Structure formats: structure tokens, C-alpha cells
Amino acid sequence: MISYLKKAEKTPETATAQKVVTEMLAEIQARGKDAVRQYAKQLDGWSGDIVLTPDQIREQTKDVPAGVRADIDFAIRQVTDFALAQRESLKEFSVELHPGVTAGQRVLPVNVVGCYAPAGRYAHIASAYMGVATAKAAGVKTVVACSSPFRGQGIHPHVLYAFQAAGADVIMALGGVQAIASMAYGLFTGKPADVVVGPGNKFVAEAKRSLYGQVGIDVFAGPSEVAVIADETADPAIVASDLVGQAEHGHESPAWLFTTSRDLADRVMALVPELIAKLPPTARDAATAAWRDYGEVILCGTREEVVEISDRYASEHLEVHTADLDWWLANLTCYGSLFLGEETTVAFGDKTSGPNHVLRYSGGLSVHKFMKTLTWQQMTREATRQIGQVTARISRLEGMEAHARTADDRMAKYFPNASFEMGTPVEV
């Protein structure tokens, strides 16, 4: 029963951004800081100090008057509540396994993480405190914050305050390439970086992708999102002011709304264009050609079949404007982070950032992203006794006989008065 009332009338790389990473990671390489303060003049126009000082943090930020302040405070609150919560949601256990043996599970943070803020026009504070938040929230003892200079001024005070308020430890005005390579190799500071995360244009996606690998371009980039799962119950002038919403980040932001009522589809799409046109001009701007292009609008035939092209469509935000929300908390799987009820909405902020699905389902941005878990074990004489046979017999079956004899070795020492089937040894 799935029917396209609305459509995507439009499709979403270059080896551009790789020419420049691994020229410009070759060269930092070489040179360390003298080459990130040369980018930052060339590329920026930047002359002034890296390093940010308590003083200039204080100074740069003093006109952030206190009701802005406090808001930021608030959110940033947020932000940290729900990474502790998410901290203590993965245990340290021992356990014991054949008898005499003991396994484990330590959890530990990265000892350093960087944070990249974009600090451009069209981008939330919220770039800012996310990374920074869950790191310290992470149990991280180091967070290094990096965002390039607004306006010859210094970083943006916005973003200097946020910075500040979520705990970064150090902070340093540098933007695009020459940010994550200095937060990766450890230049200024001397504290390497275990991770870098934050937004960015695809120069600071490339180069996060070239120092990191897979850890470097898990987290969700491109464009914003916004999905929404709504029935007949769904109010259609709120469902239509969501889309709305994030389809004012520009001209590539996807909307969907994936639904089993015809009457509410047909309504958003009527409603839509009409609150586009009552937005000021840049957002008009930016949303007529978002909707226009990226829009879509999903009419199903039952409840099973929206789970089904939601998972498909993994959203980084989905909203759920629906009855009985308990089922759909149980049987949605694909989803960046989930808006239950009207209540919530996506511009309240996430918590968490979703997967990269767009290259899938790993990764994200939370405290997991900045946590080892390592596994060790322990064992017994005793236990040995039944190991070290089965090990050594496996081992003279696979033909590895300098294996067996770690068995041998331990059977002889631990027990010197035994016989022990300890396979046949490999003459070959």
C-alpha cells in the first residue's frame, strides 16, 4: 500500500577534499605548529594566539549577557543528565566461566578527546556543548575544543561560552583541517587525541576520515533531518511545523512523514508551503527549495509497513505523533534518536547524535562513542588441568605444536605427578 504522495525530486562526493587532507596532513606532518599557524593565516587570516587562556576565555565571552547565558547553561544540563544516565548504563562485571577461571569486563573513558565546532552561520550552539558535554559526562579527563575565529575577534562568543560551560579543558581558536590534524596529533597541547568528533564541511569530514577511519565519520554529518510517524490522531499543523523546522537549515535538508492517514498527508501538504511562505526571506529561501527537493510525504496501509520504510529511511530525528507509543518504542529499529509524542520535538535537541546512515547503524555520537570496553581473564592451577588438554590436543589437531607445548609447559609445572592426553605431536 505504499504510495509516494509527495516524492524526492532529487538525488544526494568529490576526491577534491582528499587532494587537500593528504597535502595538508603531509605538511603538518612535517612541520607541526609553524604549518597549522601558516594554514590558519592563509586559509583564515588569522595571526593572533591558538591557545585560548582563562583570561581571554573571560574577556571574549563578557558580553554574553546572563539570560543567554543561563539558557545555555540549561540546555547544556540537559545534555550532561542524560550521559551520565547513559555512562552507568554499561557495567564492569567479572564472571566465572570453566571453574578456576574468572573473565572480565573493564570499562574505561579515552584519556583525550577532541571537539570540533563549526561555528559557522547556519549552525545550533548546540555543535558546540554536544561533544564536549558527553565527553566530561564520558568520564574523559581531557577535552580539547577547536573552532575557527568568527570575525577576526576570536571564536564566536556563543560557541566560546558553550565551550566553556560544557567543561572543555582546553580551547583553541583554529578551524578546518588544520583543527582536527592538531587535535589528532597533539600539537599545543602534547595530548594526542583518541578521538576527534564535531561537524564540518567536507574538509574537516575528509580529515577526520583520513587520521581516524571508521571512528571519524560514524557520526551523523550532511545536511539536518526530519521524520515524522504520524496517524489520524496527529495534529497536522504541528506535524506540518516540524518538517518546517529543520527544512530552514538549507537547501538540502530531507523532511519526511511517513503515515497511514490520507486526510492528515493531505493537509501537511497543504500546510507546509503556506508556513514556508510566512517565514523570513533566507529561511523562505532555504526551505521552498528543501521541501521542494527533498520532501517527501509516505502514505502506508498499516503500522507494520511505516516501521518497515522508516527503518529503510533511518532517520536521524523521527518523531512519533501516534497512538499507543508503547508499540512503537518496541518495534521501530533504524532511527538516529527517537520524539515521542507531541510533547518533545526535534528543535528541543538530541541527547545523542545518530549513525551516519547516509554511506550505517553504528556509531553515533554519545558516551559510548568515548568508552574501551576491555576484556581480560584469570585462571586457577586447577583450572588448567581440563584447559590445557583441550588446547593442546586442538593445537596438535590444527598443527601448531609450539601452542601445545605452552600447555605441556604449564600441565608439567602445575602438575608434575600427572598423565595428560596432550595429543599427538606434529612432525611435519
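Between two forms, the rigid core is the largest collection of C-alphas that superpose within 1.5 Å. Residue numbers count along the first chain shown, from 1. First, how it differs from the form deposited in another entry.
- Superposing the two forms on their core leaves just one of 211, 72, 334, 110 with a Cα displacement of at least 2 Å between the two forms, namely 211.
- Once the cores line up, the CA of residue 262 ends up less than 2 angstroms apart between the two forms.
- Positional change of residue 189 between the two forms reaches 2 Å or more at the C-alpha, relative to the superposed core.
- Shown in the overlay between the two forms, fitted on the rigid core, is a CA shift at residue 86 smaller than 2 Å.
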Given for the second form:
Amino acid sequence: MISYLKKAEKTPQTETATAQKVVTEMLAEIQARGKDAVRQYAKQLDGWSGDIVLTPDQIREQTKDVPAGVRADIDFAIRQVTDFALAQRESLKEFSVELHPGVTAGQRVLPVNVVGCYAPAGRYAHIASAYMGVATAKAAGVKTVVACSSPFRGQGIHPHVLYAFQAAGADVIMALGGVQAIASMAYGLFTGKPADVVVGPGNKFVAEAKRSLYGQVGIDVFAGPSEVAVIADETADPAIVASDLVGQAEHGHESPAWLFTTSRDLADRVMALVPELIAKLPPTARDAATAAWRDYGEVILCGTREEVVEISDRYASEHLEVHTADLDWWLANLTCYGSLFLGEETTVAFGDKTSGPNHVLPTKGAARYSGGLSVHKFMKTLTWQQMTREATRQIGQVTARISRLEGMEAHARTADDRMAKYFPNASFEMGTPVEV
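Give me the form deposited in another entry now, not the form deposited in one PDB entry.
Shown below: the chain alone.
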């Protein structure tokens, strides 16, 4: 008993090829021609001819008129993000353990050296994105943080994005957008400090560029056009459900809004209401959401909660709201989503700006295998070990034998050599020497 009351023509997969073609071309050009290729893209794409690296004096000049009340809101949001980041940092521990007697092994948890953070600016200026990356990197104890945001409307970095970067602790700020920003941070163009990890959200081109540069750099997650899903039962309020879908639909023409419900009445009311709310939006938002709802919006009626879980996990939405009775059950049973909003009171926009948990989140089904940007994306979990000579009697003979079973004679000789050195009178079966 599963019925599409609204089916989308397009999905997050639809625009893959378009993004990949552009990114392949631009990365090739930037690899070949470095800073010059980037300055050319900045000019042709973003109308930008000025300096790319902002000086401290420029940062101060460009934020000097940012009012106290704006700064207070941004500062409060930075605190909430920092508070939760520090809680997440405490959840991953170092340890050591004894395995075979005399074998000590452990886990070190160490921050990366350099992070590059992207904050988008195109349709809107992503003030909150600016602190989501930088504040988290600082909470992780990352020593160098480089931050980029696109020149905005043929001017420079939006001043509130700039304030957010500075207030959150960015060490270097560049007026640089899109693929060329992501590439510049990966290769250390302009700063001479190649990033270890590049993070942050953006359009399909930005997200693909990061996906492509994985390997050269670590990343947080594939964080492309915003997605919202709501699970609702008959207790939900259609006006609020509809509002919440429209809230993320304004992000752009490619943003999916998904409703999974056990109530046809709720589905019906929401489908009537969403167009009405969209029609009351201002121009830019109405442009985005009209196309997004039409092309990517879906409404799925389900017979049981179990069916809702199955569909929701398959969709693996960036953001998942749950407006139902018995919220404990939903927290226990849902397994694929970026960020979960339990109950009507919280909502995606709160998470976007100031709840505390990061908003930089998996899209296009990446929630099947990753959560969002967090301190965990900046910590390396490395292993170490140490042995007594006694431990090597067992460990070394097993190693020699398995190595020789595999055909790895030089491996086995490293065990032979220790056995002969440490225990010259011992006689073990170290495996028949490899002859080929």
C-alpha cells in the first residue's frame, strides 16, 4: 500500500551529467594553468577582477558597518554550533588495549592541519554556511582555516558572510566562488597552503568539484542542492508541513521537497497549500520554489509506519522532519537521513541557522553512508602498536606462515629475522619458502 500522489519528473540524479562535464573541463584548465585559469574563471563567471586574498585591513573595512544586532545574532549562532561541535568531539575517544599477550595497540585521534571551507553565494548569501564550516574546524583544533565565498552580485564577498567567517576564526579569506574556489583550496593556490580537507555546501558544480577532488584532499560529504523530507501522520498540521516544504524549496530550481505520510487528508491539504504559499513569496524565492516543487516535489501515501520507514530510508533525505505521534519509535527505526528534526517545534530552517548541529549535509543519497560535516570529518583516527619480544613468537610465526601462503617471501623474512635475533634457539614452522 504505497501510492505516489505527486511524482517528480526530475530527481537529484537528473543534473549529474551537466555538472560533471563542466567540472571535468574546469579542473583540467586549472590543473594546466593554475592561478591564471582561476582569475579568468573569476572574471568570466563572477565579474571579478580585484584581488582574491583579502587582507585584514580589507576584512575590517568591508565589515565596519555591520550592526551590533546582526553581529549578536551571528555570534549566538556560532556559539550553538561550537557547543554542539565540542560535544561531538568528546564522543570519539583515544584508547589502547592488549590483544595477544604482549601486543599493545591503540587509536590516536588527531586533527588535520589545513581546512578549506566554502560558503556559497549566488541566489542567496549563505551567512550560516560561513560559520558552519569555519566554527567546526576551529572546534576540532584545526590550526589553519582558509575560507572562500563567491563575489556576490558583481561586488565582493557579502559583508555578513565575511563577518561570519572572521568571527568564526578563519585565518585566510578569499573572494572566490564555485569550482575555481574548491580547486584553489585543494591545490593551495594564492595561499601556498593546500588543504588537507575541503568542506562546505554549494550548487551541483561545487558539490561535483569536491567529489572529483577527493583523493587529493579529504572532504566532509557530497553537499549539493538542498533537500527536505517530512514524515507526517494524521496529527500533523498541514499549514506547518506545507510551510516547511516551501522553506527549502526556495533554495533553487533543483531542490526536492518530499512528503511521506499515512494520512491522505494531510497529503491532500498540503498539495493544495504548497502552491498557494509559493505564490505569496517574493520574486527570487517564487522563481526557485515554483520550479522546484513542480519538477522535483513528491508526495507519497503509505499504509503503515513500516512502509514510511522503508521509503524514507530509500530516499535518504538531507533533512528529515517527523510530525507524528510516538517520536521515540521514529528515532529508533529511521536509519538513512542527514539530520533529523523530531516533532513540529524544531524545523529545518532552525537547523540551517542556529540550532547547533551542522547544516552541511549529504544530498543525492549520500546519507546512506555519511552524516554531515562535523568535527569527525577533521579528526584522523590512526592506529599504533607495540610488542614485547615474547609476543612476536606467536605473531611472527603466524605472519611468516600466512605470508608464505600468499606468496610473500620478503614479508616472511622480516619475521624469520626477528625470530632468529630474539630467540636463536627456537624452532618454529615458519612456512615452506616461496620459490617463484
